[PDB]
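Colleague: We have chain G; now place chains H and K with the ligands onto it with these hints.
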Amino acid sequence: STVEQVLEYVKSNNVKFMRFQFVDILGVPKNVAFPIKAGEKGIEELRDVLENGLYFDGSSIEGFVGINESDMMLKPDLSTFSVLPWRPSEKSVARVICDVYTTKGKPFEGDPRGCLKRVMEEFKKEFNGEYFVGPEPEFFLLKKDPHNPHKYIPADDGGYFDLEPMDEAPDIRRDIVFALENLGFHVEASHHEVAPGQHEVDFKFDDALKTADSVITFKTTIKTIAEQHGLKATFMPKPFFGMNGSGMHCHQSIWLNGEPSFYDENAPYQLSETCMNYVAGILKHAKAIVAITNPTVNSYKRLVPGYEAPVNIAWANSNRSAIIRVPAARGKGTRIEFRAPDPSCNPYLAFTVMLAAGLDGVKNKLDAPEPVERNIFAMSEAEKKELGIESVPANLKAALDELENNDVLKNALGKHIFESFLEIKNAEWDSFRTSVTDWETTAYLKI
Amino acid sequence: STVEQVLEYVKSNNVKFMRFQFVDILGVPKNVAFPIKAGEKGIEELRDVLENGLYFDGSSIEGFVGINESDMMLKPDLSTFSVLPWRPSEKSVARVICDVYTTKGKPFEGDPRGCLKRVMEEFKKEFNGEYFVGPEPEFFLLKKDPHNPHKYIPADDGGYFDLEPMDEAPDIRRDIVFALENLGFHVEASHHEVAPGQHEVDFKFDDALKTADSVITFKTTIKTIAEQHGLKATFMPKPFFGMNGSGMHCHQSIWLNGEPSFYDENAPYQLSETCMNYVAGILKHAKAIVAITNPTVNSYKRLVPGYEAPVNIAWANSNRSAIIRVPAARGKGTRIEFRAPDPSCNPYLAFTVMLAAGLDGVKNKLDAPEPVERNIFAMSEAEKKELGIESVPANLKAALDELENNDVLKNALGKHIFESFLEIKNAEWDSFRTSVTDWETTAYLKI
Amino acid sequence: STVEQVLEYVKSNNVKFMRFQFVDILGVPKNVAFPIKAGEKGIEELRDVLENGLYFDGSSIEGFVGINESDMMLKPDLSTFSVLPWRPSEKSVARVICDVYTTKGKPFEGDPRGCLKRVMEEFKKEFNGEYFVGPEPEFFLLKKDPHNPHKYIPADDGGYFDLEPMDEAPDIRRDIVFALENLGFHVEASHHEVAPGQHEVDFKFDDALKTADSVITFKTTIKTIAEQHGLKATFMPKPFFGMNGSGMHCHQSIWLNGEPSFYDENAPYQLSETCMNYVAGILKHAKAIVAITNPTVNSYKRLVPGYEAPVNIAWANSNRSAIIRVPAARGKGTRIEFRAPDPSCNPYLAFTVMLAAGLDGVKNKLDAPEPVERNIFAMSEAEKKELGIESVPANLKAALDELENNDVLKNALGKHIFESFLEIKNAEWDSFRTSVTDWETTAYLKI
Ligand SMILES: O=C(O)CCC(=O)C(=O)O
Ligand SMILES: O=C(O)CCC(=O)C(=O)O
Ligand SMILES: O=C(O)CCC(=O)C(=O)O
Ligand SMILES: [Mg+2]
Ligand SMILES: [Mg+2]
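Chains as they are written, first to last, in the authors' numbering: chain G, 2 to 448; chain H, 2 to 448; chain K, 2 to 448.
Bear in mind the hints are in silico, worked out from the structure with no lab data behind them.
Take every hint as true, because none was put in to throw you off.
One copy or two, either will do: identical chains are not told apart, so a pair holds if it fits within one copy or between any two.
Here are the simulated BS3-like cross-link-like pairs (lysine-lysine), alpha carbons at most 27 Å apart as the crow flies: (1) 152 - 224; (2) 285 - 411; (3) 224 - 92; (4) 366 - 126; (5) 105 - 333; (6) 145 - 224; (7) 447 - 211.
Next up, chain G with everything else stripped away, as it sits in the complex:
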């Protein structure tokens, strides 16, 4: 957190490299290594670079600035210092997540991290609240197909919570948990998931900024540790058809004045009015939130309408068929689980749109619908239409049009992020709709 606490770690623990990490518009991490020199001269050089930051070409980063105005800076947040465990111990490598700033020393408008800081500071100023998030990012461990090395397949034919040798990843998950604990994570649980080769490593909830910094670090840690064990980890929302997809369920709650505002001992389901207003806001902008929280073309193969998925815009208690599920835990742990996201989204922008839509419901005091305790997959389309259970868009372009017409998310993301995201994703969608797919070749080459 303090300059001296970082410099004295570097002196005693023999740190040789400092990675200045950040994220592009799509949530891909980017960094530059700075070599620390020995003695006081090296520590005073590092002090200048930690306080004043360093320059970088912004035109090469996705969704940042043009070539004619490329000069940018990185101001390190010292409260995010950590030692990368996958790197060597002697002459160790360390990281410090930064905020992208303009040449004039002003926070960059198109920065995803600064976008989340802005909305959290605005929430803390207006309501004196703290936005807490706890995600469940699932992933797949892959190995080369023996019949064809150009394709990849799942690492094992394991099921949900299966034991070894059926589950061939206890050693891979073991090292992942050790690596995350060294990075400052409070790991809660680890196990095999429903689909073959699928796994899930959960971690404790925290404020949206610390949680988004943890999601970026979690994705790199899982990919780099898998390569050490000769495997390849992917956070693709649906790498294989006919089996479960990778989902990042976001358990969330807001605490006004250091108290659990979502809990109300004397109320229906022990849920406060603030909780219901927040849920109403998420359900209102649900068709627009999935553009950010599900930004890939493949996301709409897991989150597919008309088929078993968290596509139905409705809330329910202890029911995994609806888009929102209220876990049975009460008191401090009273929360809502937004099941629509997948680990392909930028966490900084995902928590921004969720907090903005949720706070829109709290500010206007919007009325939430009744909980659909029944299984929604077993219901017919005519029955769901009578109840008013709408579905999330069927494809990426359908979600981008909903995001474009939404003014609540446009203001939260800002003109720079909102317009660049739509422009990048429309070019990505155009590339998909023009390409001749393998499905088409299989179905129409015979005609």
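Modeller: What follows is chains H and K with the ligands alone, placed relative to chain G:
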């Protein structure tokens, strides 16, 4: 720096070999190893060879002397002593960069290192200045193509500043930085570059001679360490079509009387008249400087007119589309970035022509044009012609003809370097224009 | 020549398909097959399509019309009727070369065949002349490389005029000559040429239109018969480095009032003033004619300045070192051989520019230089500069700039052909200068 300091290190550190290194006309390093014998007899033998120098066949070195007058000598610069880290630690190998001298003990006219010393001593005598340079030499890490071992491809599908495992070179860059630090380099930053398998390792600026000595050692260090990790590093300006090329942006500035002459607190853009006169001189001889700073046929595939490259002869503040870019840093760090060079050039001759053209503008007090803050790539050829933004030559022969007619660079390089360079490069160009290329076979074999 | 003569041959010889052939701007032949029906109804259908022609999409043809004005027509030239021998004999396939016409029934401006007809009709109207041409189009017979099937090599290690089995093409040349004789050719001689696998099949001279129609049919006849004998023929100007290239020497002469105007019994070298004026005109526009007669990038690897080639702009008697050679035959056979062309050029445009530059000399009565009887390759560059022997451009772009500034060839080709040719060839040149060649990879990957 002195004879005794070198012999004191050689004695204690068990140095067993001394490489007498130098460079040919094209900037290719050349050296001869000397074994240091044990005891006082070995130290006194090494002493005699360090002061009086040693002989070598000059006819075999490129652009040096004929067979009928081949006897030459190497006078070591004792301050350039360094232990090669890629060589063993026990019975360590050391190097000493030398100045090529004639049999009569007079500095050789056709020596690139002596050419840079001459112009720097002339500048220090006339203006009491110090010419500082800080380059950014980019390179590619390659691996054999699995589909064909005779061809090479990039080591990874990484982008700008990408993180591991997408960036497969943190271990290669780690050892590069450690090796350069042992050689006396002040490494500033290291990261992955825009094109696949492309990387960039930056180092602190220094006087042109110490910087040119560092560029030669840097190129060898990067190539030798890559071979240790089973890869092959290349400083080719454009090894692959459709992706960024290797560029060596030269950040430079002159300090008259130990003061930053380029900075002026009370002036437009906080840039002095001396800075504008220097920029005017570079832009004047821009068509001739690219012959030396871009001496390969392949250089004009990266630095290609009509396409996105630093080809437009103009200057601008924080704009990477023009040939010169003035970084936003001010005070001591006030400088100009000549973006046209690539790491294929001889650094000793590149800094000589840049200082000569720049000083031609300072001596005559030439008027620089207005800065083109707009993106020059988006401009049309008719618009660029109205403004007067000329382009650098389209090929090697076009640049050699410009260098031949330029009298400012002819005098700085000297009759020996100027004529031998043109003769060697014209034979190189003739070999290219007569050879039947793979592009021609693909396009015209069908006709 | 008339509709009835063509329908009478079709009736008796059992012709089942009628190809309507023509050429694009680059000289590539293009055609559409029309199946002839049996009985009177089929002959009356064929009569209608022969008299009125047929429609086709002009936007798909190179250098013709845009997509918004694509409707075009083909008016058959009945004199160019011929039977394709390589096609089956029973239910034979006949061809008829056509003139491209606009929807309004007016000759198309951008038609290469109509361009040659226009200048020949203008010459016959103004001077009452007949432009005769007799080319020598050389070609290479290739076979797959046994060490690598992806590459091609020459069919045999034969030399000039060599005998079998050293010359492995007597059977291939035999069938070529039989096929050309059936198409109406007057074949003069056939033999093996200097380079390995290179051959030459000569044919009698005729008026420029009949000769250009023969060059197109010859190129197709050579390639189709080569594929029948398991080989691949190429008219590439220089498929391999270090061996002779394919050249199309154009023997030409003009006959005013049915008399050999180039011959003069009482004159120096027995050559008339009209011959000298014509030669002066070719030498004047020589730098611009090579843009059309040598339109490929590869053409400047055969026609390479500074090396043994017909690059020297000068004329001489029985000397193959100069651009023009006057063969020793006199009387009717008095002619000039323009040695610069290669079989990669469009014959219709090549004969147009040669006749236009030649007639420019006749109209203005330009003075020709003295004949250089000495070998020009043995001369030094300083000696050739004193005599005034200039050289043809070193590359495609250098020739396109000369063609652009030439007003004589601009008028002969017309605004449509002149501008489209320059536009197509500049895009072709830009593709070459941007591509990374195999020569560059071999020479610079090591640096
Ligand atoms: O497998 C896991 O989920 C954690 C590691 C573990 O339990 C083990 O090492 O056996
Ligand atoms: O990756 C770099 O640029 C330097 C090396 C490094 O940071 C590492 O060893 O992880
Ligand atoms: O080979 C030739 O040049 C023509 C054909 C021939 O003479 C032959 O059939 O042997
Ligand atoms: Mg010796
Ligand atoms: Mg830096």
